[PDB]
Amino acid sequence: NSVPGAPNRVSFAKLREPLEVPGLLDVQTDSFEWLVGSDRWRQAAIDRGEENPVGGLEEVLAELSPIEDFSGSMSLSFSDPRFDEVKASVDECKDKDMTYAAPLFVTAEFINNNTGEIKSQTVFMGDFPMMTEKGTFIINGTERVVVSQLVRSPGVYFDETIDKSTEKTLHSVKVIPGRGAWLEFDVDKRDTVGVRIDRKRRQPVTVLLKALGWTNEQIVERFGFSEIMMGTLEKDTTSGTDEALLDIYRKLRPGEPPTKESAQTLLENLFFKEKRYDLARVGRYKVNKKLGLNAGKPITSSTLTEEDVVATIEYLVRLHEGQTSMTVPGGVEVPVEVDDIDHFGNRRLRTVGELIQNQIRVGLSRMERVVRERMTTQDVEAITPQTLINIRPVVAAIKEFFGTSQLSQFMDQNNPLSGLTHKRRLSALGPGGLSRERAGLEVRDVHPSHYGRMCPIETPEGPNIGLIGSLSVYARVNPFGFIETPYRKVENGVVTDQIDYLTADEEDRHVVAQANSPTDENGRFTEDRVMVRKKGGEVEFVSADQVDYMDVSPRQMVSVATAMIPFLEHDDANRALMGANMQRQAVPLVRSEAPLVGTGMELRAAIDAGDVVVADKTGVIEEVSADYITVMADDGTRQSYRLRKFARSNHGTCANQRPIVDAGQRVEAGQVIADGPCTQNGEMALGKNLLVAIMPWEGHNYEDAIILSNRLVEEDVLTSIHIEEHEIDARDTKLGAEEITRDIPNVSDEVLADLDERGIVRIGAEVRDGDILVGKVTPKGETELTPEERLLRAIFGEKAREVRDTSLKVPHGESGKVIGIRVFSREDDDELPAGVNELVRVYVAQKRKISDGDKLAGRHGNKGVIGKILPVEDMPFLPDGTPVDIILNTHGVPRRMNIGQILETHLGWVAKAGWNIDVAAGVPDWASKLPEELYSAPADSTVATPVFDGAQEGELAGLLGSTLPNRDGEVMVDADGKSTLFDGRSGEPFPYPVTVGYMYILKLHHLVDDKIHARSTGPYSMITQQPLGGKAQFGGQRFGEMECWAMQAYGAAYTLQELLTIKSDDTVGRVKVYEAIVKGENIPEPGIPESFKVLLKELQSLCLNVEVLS
Amino acid sequence: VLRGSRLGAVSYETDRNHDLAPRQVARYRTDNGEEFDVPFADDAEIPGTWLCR
Amino acid sequence: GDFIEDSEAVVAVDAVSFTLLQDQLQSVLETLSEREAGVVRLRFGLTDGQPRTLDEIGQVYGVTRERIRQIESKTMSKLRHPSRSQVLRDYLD
Amino acid sequence: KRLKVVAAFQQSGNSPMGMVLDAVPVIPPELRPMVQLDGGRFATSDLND
Amino acid sequence: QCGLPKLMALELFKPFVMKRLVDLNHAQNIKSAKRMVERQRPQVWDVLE
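Chains as they are written, first to last, in the deposited numbering: chain B, 21 to 1130; chain A, 5 to 57; chain L, 374 to 466; chain Y, 294 to 342; chain X, 440 to 488.
Just so you know, the hints here were simulated from the structure itself, not pulled from any lab data.
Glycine residues also receive a C-beta, built at the ideal position from the N, C-alpha and C atoms.
Treat the hints with care, as some may be off.
Said to hold, decoys possible - Pairwise CB distance ranges, derived in the manner of DEER restraints:
(1) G12/A with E744/B: 34 to 42 Å
(2) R480/X with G12/A: 53 to 61 Å
(3) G12/A with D848/B: 37 to 45 Å
(4) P51/A with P321/Y: 36 to 44 Å
(5) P26/A with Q1077/B: 57 to 65 Å
(6) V14/A with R480/X: 41 to 49 Å
(7) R480/X with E407/L: 36 to 44 Å
To be verified - The calculated DSSO-like cross-link candidates involving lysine-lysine, where the alpha carbons are at most 27 Å apart (straight line), are:
(8) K888/B with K445/X
(9) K445/X with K867/B
(10) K445/X with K1083/B
(11) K445/X with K458/X
(12) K1092/B with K458/X
(13) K445/X with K220/B
(14) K458/X with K869/B
(15) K837/B with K445/X
(16) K114/B with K888/B
(17) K445/X with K875/B
(18) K271/B with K309/B
(19) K154/B with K445/X
(20) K458/X with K1083/B
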């Protein structure tokens, strides 16, 4: 394949792929390039047959222009946006906590017509954040991703509902714009047509018709075939066009009687003006396609018109009338049916570019309002464009979007796959969309149009199910925002390698066959009938003559993550979802290793993630070091790549890169020259291959629990580096400026032994919870010590320190090595917040080993907590003495419908120990379908089994039966995949053979270090006197309602009382109970909880006389 | 996550009525005819007018 | 407001601890003769919470302020000797 | 429908003039506190406004 | 029976542990026992058990 550095991973695939997997990050980079109008996008648009393409920002500036003051005495026009070089490098932006942005410049032509003058000069429009290569935004040091938003597209949507009141099928239609007010029509059960403008009270359609100027004759002529409109006209009292305006106007202005001019112009302004109503260039297209109007030209108009509104009304009437095909004067014939709002032919995708463009438009609208207000009150013929253009609102809008918008999310740097799948995520929620607690089931259920566009397997398992998804592997975003997918064209029973990208609504006009349907060597279909999708989403058999399109490859419907799972067929969708989701939670291990049995995706997903380093130009490696790689290109140019070492990710996982090249080695352009965290030789490596035996073992693996060999702890098989950041800032107060110093009041000399002269913890020192990280003190002020303290301080005579200790200390339950310090000082002219003087950040790194309670998981949705780690000698071992690394329970496999893990286990053993099919008298029948490359392979040979073109069930048996002998010359595993294990504790062999193989297991990031809590006594909240928890040290557990029900059901009174009063809210009783425990005395009775007293006070404050009496 | 405090501070002292500050009560009457009492210390210097409840 | 941590909270361990000191100190002062103990108890106001000047202690003891200072010095040196310091040294923190 | 309320006021002896207020109570300050967060920024409940 | 994590058990039983630490003369007083428990000094576990 094109990738030069691919390790030789033999593949079981049998189908030739006609299309190469596209750039997985294109959905972000292409959209952003469109936004800024880069020359690459401009040239590509021309190559697509377009003429005079306009960038996203050029579109906004042209829409803003021309700014015209009323009476037309002057005008202003922005144009020609330009970008200069970025202010700082990405690495420097991250290090110094800046925003990666480039200056933006435009030209502004100001025209004075009353004198004919024209002026123009470059105007600085501010710093514009820039998408870095590999698709992320650096905002205030943090790394952020803008997730594309799936939203229902503007257009006309007809719907029909049957009502049991009369069993009639009532009809309604809604016209939804991208900007402006709404409009809808409906047919009532009384055989009448109604209109609702801006969701106001229902009114007859004839009112709207006569408002536009229609009369009896025109309505009779065009709509006379329908009884409902005739009845509505007969019932309506309106007579004359002005009469309709008389009725309409007072509804919005109850107190002002109408005037003809304003009333007549109100309708045009409300809907038929592009100033206040806009279809946004996509609603226009959809309306033209649906109603058949204005087809065949790129209509610049985006406002509502008279012809289209009446066309929509007529379409509704005909749909109620019962027509199946309709035609329009001056238009084209179209079918008649209701519209499904869940179809991707109706739902579009706001990419990052459009999301940024909307906020740019809002900011420029505010700027326009300010400019048009202030241009009336300045000297004419002496004003200058740069002296009245105010760029503050646009910069403020841009800052707000990247900071507070729900879409601009923190980059998910758990591992390369997590970041890769986060960039191409689709979100149905957020502003302008739906919400988590609404939309019911309909919005989130799967739909036949998702095939090849949105993955049905991968999705959050929590309450966001269906509301969040992943773009398909082959899918690309249409310029209008729709999702396109590629298909092969087939002519009269023979395929043809011309691939067309079809949108969702165009696919329904054809029948598409499966990718795996066999074909002759010439491309002709070999079968008489083929299984195909139909226009309604059904799957049916069809004669080979009738097919007109074909799937590109079997992997078309799955996402990047789902494509990683081998033997995806044998895992139920419920568990496939879990398997796809867990891979995003795997932590990077110290040394990653690629899986023995995997999928062809493992390579590309690693390279496209952007975490690895690839050679930009062909050349020879000149110098290699742990920190940088220098390469001499064949053209005479020299490149230097810096490798980030032990950098802390967003979630605390280490992100170390390492070189994989030797000095003097020649590298082709695009070749991988350094691995990322979870990669080996360019292939992704999220976990570890290890020996698994499937059998219950003394109940330690009971209920999904897992047993590990102690070897994994001795040899750092599952060890991972974790890095934490502790930050402390010194500010000023009314009593003076608090300072950072080594010496602090009343601390033992040993405690401050590892502190620098400036009070910071010495780099490389070992730190344990409670140790000093930064010595800090604050002015104390008035003390007025108690008499006992006065006497004590007289006894020793120690000074009453003018300052109080507020030093930063290691949190409870943390430890590690101090690997770095970053310090900001205002005396050096830093960008510290207002009122801040100093800032110190200390990085503490630790080396976590696998231990009890750590969650492990596989690629097939099987996970569990490590219940016991046994010594090596206690593990069952093969007859040759090799102990099994992990033991999994048998009862969990068959009932969870994830048998694919057993297939993976068998194929892993086949891969570890080479195989050689005995081709002595011809290939065996079961091996007749295998490629010649798979006949033999050495030990430790990696294999690839694509998700829908992998090894069959029959070939696995043969491969198991043809495994090579072990080191000593004997086979450890029989053809059935089982071995005679020996019991490590009693020594006796197990009575029956046990399934043994090699499985790829992942170390999930769900460490309970942030979920283990303990509290005897701690902080209490200011407002409610109950303990706080879940966001600070020593959090308290919530004793819920159902627990109170359980307490009452037990008949347990005293325990419940002490839980609700002493332990939680009785302010007086807490200290009494604490002193009783300390002194060894029995606990006193509880008091009245503060909640009840506050309730009485609150009721009394509301003029309610509430009292307790006996 | 963030912390604050009321406009005052707490005191841990314990003593009770075993210490007595010598006090006496003054009597006041208002315009509407209501009457009120105010305990003052024996240092007295009681004011002639007082803002009652 | 539901998550503001109060800085001036009634810390339990301190609340009891102080009382223990207020007892322990007494046990040390009660180890002296009442003759010595009264001066310290009046000097620092332990008996009634109000510190008293050297002269005012003479209102019940009769001796002059300089002699009260000398008695205070004697008692003050006796208490700070290790035989009694170790009993309550570590309460200062 | 009216008789229910009329009898409710007719019973219990309490007068119906309580529905008109010549004075209103004020909730204690700490149930509507003003607290200065870390850094000196103040936070206050809506009630005291 | 149930198995309780060692450090969680210590943090949960802190005051009970400090009482026994004080009366066993492992610590001079309650404040010293509090600090010693906070440091997880070796003598703590024998009393926690």
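Next on the checklist: Given the hinted pair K837/B and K445/X, is their Cα-Cα distance within 27 Å?
Outcome noted: The hint holds at about 24 Å.
Checklist entry - Does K1083/B lie within 27 Å of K445/X when you go C-alpha to C-alpha? => result With a Cα-Cα distance of about 22 Å, the restraint between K445/X and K1083/B holds, given a limit of 27 Å.
Next on the checklist: Can you tell me whether the CB distance of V14/A to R480/X sits inside 41 to 49 Å?
Outcome noted: violated (31 Å)
Next on the checklist: Just to be sure I understand the hint, the distance between the Cβ atoms of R480/X and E407/L should be within 36 to 44 Å; is that true here?
Outcome noted: holds (41 Å)
Item to check | Straight-line alpha-carbon gap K458/X to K869/B, limit 27 Å | outcome: Violated, at about 35 Å.
Checklist entry - CA of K445/X to CA of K458/X, is that 27 Å or under? => result holds (18 Å)
Item to check | Satisfaction of the hinted span 36 to 44 Å by the C-beta atoms belonging to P51/A and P321/Y | outcome: violated (27 Å)
Checklist entry - Does the structure keep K114/B and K888/B at a Cα separation of 27 Å or less? => result Violated, at roughly 42 Å.
Checklist entry - Going straight from one Cα to the other, do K458/X and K1083/B come out at no more than 27 Å? => result Holds, because 19 Å separates the two Cα atoms, which is no more than 27 Å.
Item to check | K1092/B paired with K458/X [C-alpha distance capped at 27 Å] | outcome: holds (15 Å)
Item to check | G12/A and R480/X - C-beta distance against the hinted 53 to 61 Å | outcome: Violated: the Cβ-Cβ distance is about 38 Å, outside 53 to 61 Å.
Next on the checklist: So if I understand the rule, the pair passes when the alpha-carbon distance is 27 Å or less; does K154/B with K445/X pass?
Outcome noted: Measuring from Cα to Cα gives roughly 46 Å; hence the hint is violated.
Violated hints for the displayed structure, listed by number in ascending order: 2, 4, 5, 6, 13, 14, 16, 18, 19.
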